[PDB]
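It is the complex with one fewer protein chain than it really has, and the rest are unchanged in position.
We just call them A, B, C, D, E and F in the order they show up, numbering each chain from 1.
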Amino acid sequence: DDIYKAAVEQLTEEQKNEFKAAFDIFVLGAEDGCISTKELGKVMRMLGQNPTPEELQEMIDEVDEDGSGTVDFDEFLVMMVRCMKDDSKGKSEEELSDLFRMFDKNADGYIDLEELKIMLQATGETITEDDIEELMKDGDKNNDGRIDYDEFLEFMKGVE
Amino acid sequence: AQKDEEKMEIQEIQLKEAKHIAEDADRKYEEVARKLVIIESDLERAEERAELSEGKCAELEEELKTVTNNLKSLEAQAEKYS
Amino acid sequence: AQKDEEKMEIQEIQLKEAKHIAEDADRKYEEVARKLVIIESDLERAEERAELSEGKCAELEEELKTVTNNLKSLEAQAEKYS
Amino acid sequence: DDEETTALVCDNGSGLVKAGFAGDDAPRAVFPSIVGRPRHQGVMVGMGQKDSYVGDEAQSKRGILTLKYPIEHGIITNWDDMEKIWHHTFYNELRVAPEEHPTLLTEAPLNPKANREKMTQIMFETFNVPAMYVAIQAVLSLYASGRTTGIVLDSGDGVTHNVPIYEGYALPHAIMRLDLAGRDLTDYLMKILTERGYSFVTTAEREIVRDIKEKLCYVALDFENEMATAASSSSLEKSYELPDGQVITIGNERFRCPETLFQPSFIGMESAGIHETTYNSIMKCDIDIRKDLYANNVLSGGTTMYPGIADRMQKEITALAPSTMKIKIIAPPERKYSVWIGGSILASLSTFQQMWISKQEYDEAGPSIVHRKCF
Amino acid sequence: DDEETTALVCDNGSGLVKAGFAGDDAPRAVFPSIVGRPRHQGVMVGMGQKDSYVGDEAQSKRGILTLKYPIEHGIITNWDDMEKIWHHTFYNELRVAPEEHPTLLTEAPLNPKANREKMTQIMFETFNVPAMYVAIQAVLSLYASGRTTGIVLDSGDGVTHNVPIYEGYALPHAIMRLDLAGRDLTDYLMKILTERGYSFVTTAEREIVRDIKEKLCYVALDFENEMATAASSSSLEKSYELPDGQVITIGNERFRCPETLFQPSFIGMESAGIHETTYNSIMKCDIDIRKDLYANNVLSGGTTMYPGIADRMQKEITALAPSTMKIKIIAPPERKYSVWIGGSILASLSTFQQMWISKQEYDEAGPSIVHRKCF
Amino acid sequence: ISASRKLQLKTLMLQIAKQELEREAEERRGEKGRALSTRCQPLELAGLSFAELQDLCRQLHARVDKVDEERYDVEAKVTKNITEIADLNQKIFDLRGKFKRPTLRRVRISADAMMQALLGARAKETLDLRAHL
Partner (left out) sequence: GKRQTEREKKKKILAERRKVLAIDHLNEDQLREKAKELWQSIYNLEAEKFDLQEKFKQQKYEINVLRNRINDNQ
């Protein structure tokens, strides 16, 4: 939601001038003011570094919830600063180990389908049937039918 | 000199077009390399799991053979003791 | 005029280099296309055969269970015979 | 489980260390007892290369190691390596600190005293167990069969010993210990394979020859007939794929390797086979318990797992024994772990709970306590 | 990070000197290693004519020079020229004084000792580096692939060597070094071009023949079929424009030049091709690590960049090897700089930071320190 | 498939896990106080005899001896556990480093930057040669 608006609120005119200079090529005239997202694929390459194209499509779709295909300077700003690294310190590695210890309430050293399933159910979050399997792929990186330390560690890596 | 300037500008626009084609090819190259790396990793995993399955099948087959033969012998002996 | 001609020669060499880039890019891309297709086909086949082996292994498990039970029966019969 | 305290039933053996908590059906962790230092130089930096891989880890890196067993024939010849093996067994394969668990080692009959005393001294000083007890490897195998009489032939991998027992009273003057076992059969197989062209020399390739022996060899019911058949037909030649390809075909080496058990003259040993040392062990017993020993002959140990040995041995003993007695050979399917199952049963008994060598007793009499009343 | 400095990963090679600071992806400066004195008289006064053009400068004035490589086959035959090349590399292509940077040279396996000792003596006395370390050119190429096992065939321009490695433990008795490489292929191509009328003799025209070889030649999947096809159709004849016009047409010389790698009898060498010295190098290894070496065959070096070699080599080895093993040939697209990328990775490691030959150590033991523990 | 909902689930479960850690810590503190009161009974000795005072002091001295023995044993055991933890941490760090350190480097930082430096030097070469006349 507006969380990434708050995250982008750090960068004031200091980078806004550069962003407007980059976006000037986007607004090349001969338009009705709609200002689509067509150029963004190469606009994110104005400096050279580019994240995965699937992430680019996700960035295109997730903002502009009206589907207007109109890129406001605020949404363009937040999507382009997302190219720069933005992580909220990702908890603490020892804190992450403590969180995993809480997760492994079965004291087995591993989390299976039912364990994490019930853990997420306790939150009451609406979970689809197309889900659960998605989380299985997210966790069972080794495809060994359980969640090991490394699978959780990369699973939650850099997330806060 | 005028003719040469004409040719100079024409080659100039041609050179810009060349640079753009070069960058496009470069991006395509990075992309295809990524794809190949992914698929090859999948190949590794597929081959390894195949091998595991084949080995387990072999072991179970052998054990079945041994136990079956022992059972047959003991059946013959049961008749004998009858 | 001489300066312009020098400029033209520079543009010529740069155009040459650009076409060279184009050719090498195409060649490498076709190569990776070949590797991609071969890898994909082999991955498909390997997954198929591995799953086949898995099915056969499960069948072997069930066979082994049957044989184990029957051996238990024959052993009981033999000991009572003794 | 929970409160209370469970015993550790370790079983050193020679070739496979079998361990697990008392009261179960099968050992928890079974792994070869080999410690192999690397022998080449090593050029990658930071690879995390250790100085000695023990247990089952050294059966996967055996291509660049020099595996060496720390137990030759029952006795222990290299105490540092044996200590390393025990440390691995306690901490990594069971993950239970020894400070809170009694231990029940096993020892072959007629072994040197110093071996047993050093074993108890190590267990009490280094690992610092609460109490340990040493038991003869054949009495346990008799426990596992659920009998109380019978003469047990425990042909392990280090040493083959034959302890007769009646009504719970062991006969110490009738124990016949013979040093032919699985390891000598492996060496003899490796020596007769050279007659076809296959040469195995490295200490790592001894493991490959051991695998060949386990998977292919069998004991012939009648030796001369098999030698004649294998020399005319080709129905016996079974092939086997080495760890790199180049399949090999074993001909009449199949039943000639384990035949050494019944004719120890093949490897130059003087003594009589396992078919005749059992009869001699019986004949040393009293005249009134020979029928029961004849009827309750028990097989145990790994090497008695050859396909077709329970019939060859019965035929041989029936040839030797008087015609009236009935000869029966007990060959349970769980032969390999018979000693450990018996050890678990013995450690789980309530009557046995006061026979442990408590630590305060060791502190008062020294390591020589093991030969005393607490046997 | 913090204090401290960056290491110079130089890589002498033979044909192209590749250098750059440790921790990057590609070498900073890559230029041919040739030193060419002028050979004509010279009449213009004050033109600023130097006495020796080295590096990439002598590939532009090669029309009036006599280029001569200072490294023949791995070994260095002309120490003054090599010193000149190093001085150029440090001061003009990188512009970093060597007084403040460790260096990591590379050396082929099985090279004469005196070459290595003289190399370290030069680096410590003339350029006065803080610390230098010499590494075998194949271990680095194995680093760059991110593996830890595998048998690497590093077919450079001077010498082709084939070092097998398992689990980080190099096998010194299985290194097969063969002296056929890119330079001999250039000479053979220059020798077979004369069959159409094109004669290249001057040491400057060897560079033109090298360019022809790089741009046109390819390795045939099956040699006889290609020889038959090129002799009937004309779909193979590719043309090429010399540095002055007069285009030339290369027929079946295209795949006959690099075929010398798999049949060294073409240039009169006795030994077997690079397809059979790899199999021989594998077969000298132990019987239990042959599967891993079969599955992780690595290619490196410049000369392995011929279009279609990763398939010909796999076909040949699959023909030689047992049918069950899987043969896989790792051919990364960054083959040419694989050794240098591996060198950068090795120099960037923290565990490696104490293996450098510090200058005080050299002062205490002389140049013979390199053969000692600091290898 | 969804991708933002994955992050939403991660955030919600991480907050839930922090709440579970907090409540488990509170439960641990409560149970700590409960067991402390269980093992350490309170006593009051108003208007007591000197002999009973000596008996209580001697019993407290014996309690001191046993508690110090137990704290020594648990301290030694925990220190050995800490050494083992450090060893395992070092070994796992060595494994992770040997797995992933070669994979981190500065990709194409200056290789892309090579646009016309050699070309510029070549052109300036002819310019400088002609500058003589």
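Quick note on the criterion: a residue touches a chain if its C-beta (ideal position, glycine included) is under 8 Å from a C-beta of that chain, and two chains touch if they have at least 3 such contacts.
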Full-complex contact with the absent chain, from F:78, F:111, F:114 or F:118: F:78
Touch with the omitted chain, as defined above, among F:48, F:107, F:111 or F:121: F:48
Among F:3, F:7 or F:95, residue touching the chain not depicted: F:95
Options D:77, D:92 or D:368, residue touching the unrepresented chain: D:92
In chain A, positions touching the absent partner: 97, 101, 107, 109-110, 148-150
Touching residues (missing chain, whole complex) on chain F: 28, 32, 35-36, 39-40, 43, 45, 48, 50, 53-54, 56-57, 60-61, 63-65, 67-72, 74-75, 77-78, 81-82, 84-85, 88-89, 91-92, 95
Contact set of chain D toward the excluded chain (per top definition): 57, 60, 92, 95, 125-126, 128
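Simple rule for what comes next: only the chains that are shown with their structure count from here on.
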Between chain B and chain F, centroid-to-centroid distance (C-alpha), Å: 39
Residues of chain C touching at least two other chains: 14, 28
Sequence positions of chain E contacting 2 or more other chains: 143, 148, 333, 349, 351
In the complex, chain E residues that touch chain F: 23-26, 28, 143-144, 146, 148, 341, 344-345, 348-349, 351
Chain B partner contacts - residues on chain C that touch it in the complex: 1, 4-5, 7-8, 11-12, 14-15, 17-19, 21-22, 25-26, 28-29, 32-33, 35-36, 39-40, 42-43, 46-47, 49-50, 53-54, 56-57, 60-61, 63-64, 67-68, 70-71, 74-75, 77-78, 81
Residues on chain D engaged by chain F in the complex (per definition of touch): 46-48, 99
